[PDB]
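Before any questions on how it binds or moves, here is one chain, the form deposited without the partner chain, in structure tokens.
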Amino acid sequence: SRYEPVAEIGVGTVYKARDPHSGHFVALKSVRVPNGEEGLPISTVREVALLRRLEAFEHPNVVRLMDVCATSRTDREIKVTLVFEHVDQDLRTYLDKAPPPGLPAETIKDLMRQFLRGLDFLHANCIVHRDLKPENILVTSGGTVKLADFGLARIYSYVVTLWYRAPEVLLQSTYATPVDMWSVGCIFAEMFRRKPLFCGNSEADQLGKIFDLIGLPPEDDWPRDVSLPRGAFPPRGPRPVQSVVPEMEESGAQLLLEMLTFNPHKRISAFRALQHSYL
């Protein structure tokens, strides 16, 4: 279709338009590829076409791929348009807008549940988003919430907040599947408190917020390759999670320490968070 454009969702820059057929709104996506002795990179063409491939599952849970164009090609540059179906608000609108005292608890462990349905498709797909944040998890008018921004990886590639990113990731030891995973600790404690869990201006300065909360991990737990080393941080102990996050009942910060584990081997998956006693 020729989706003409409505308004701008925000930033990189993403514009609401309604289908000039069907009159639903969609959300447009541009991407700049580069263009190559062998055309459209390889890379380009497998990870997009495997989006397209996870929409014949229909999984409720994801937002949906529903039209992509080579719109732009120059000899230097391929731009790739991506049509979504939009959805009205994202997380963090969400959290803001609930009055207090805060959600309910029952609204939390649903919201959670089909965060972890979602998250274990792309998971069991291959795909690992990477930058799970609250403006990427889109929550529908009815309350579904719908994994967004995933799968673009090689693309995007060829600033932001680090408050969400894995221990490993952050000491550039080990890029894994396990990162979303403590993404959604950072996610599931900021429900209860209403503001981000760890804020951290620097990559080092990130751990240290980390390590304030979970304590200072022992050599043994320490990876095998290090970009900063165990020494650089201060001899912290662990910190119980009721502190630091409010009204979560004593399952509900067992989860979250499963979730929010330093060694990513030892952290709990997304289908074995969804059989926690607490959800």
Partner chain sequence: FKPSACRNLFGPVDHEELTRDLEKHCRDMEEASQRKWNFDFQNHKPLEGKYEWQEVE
Second form
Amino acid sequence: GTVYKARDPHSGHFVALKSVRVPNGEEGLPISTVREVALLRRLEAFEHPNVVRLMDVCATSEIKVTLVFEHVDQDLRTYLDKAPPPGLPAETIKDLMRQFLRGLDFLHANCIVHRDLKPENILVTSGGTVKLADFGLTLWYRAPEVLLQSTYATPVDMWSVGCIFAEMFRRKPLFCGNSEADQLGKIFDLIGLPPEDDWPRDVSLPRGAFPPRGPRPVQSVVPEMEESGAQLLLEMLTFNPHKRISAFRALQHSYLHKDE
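Return the structure block for the form deposited with the partner chain bound; the form deposited without the partner chain was the one displayed.
Just this one chain is shown here; partners and other molecules are left out.
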């Protein structure tokens, strides 16, 4: 149905209503409905500051399930387009990245893969708090192993994080492709064509689908980024998903260590 929005007068915060119209059969509530809604209830208990809070589950009975969520008006794309002409200060970017990573690490520690991280579903409160939005329910941000249709787990989110990380400096996306084959070609243009024994098995396009190419210097695409942040960017933009940096590890990288 139609999505509604309202301000809370207990605070000044906003609230929204989503709602799914679930198929009621002879076995009652569908398996996927009770599991997925219960997972949101379990997350809510931790009260993590970098995910949107679930406020209520209002089911009415065919059966209809309505969720009341915390609503954040501004997403990151808007936050970035409002940035000063010179761009966002480095300290602001490191702060957004720390929160982004804590939120993602939280989902990953709960065996949730987001799978569709993009600036459109990363929200920023008027106070500067980052909140992850449409989890557990365009190809630019897609990890190579997903574009190849092979096995994927949580590393696919850290690839997306690298893209968004670089995008906060460029104020324009890193890899813009028309298809999976094209998106991959643009990726290998930067990080180089992976070697043979790094290619997944039973993959959609062989390695011969791509011309030989070596890595460009990664600060060629983010020249305004300090050298150690560029090292961290490379560890996110790593083809092998088993060598790609995890969210928790990225939080221990010196580039994201707040001073004092």
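Positions refer to the first chain, counted from 1. Between two forms, the rigid core is the largest collection of C-alphas that superpose within 1.5 Å.
Can you tell me which of these residues, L28, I214, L51, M248, is the one whose C-alpha shifts by at least 2 angstroms between these two forms after a rigid core fit? Result of the comparison: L28.
Large Cα move at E258 between these two forms, threshold 2 Å, rigid core: Shift at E258: below 2 Å after core fit.
Do you see a C-alpha shift of 2 Å or more at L82 between these two forms, with the core held fixed? Superposed on the core, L82 moves its C-alpha 2 Å or more between these two forms.
On a rigid core superposition, would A17 pass a 2 Å threshold for CA movement between these two forms? It does shift by 2 Å or more.
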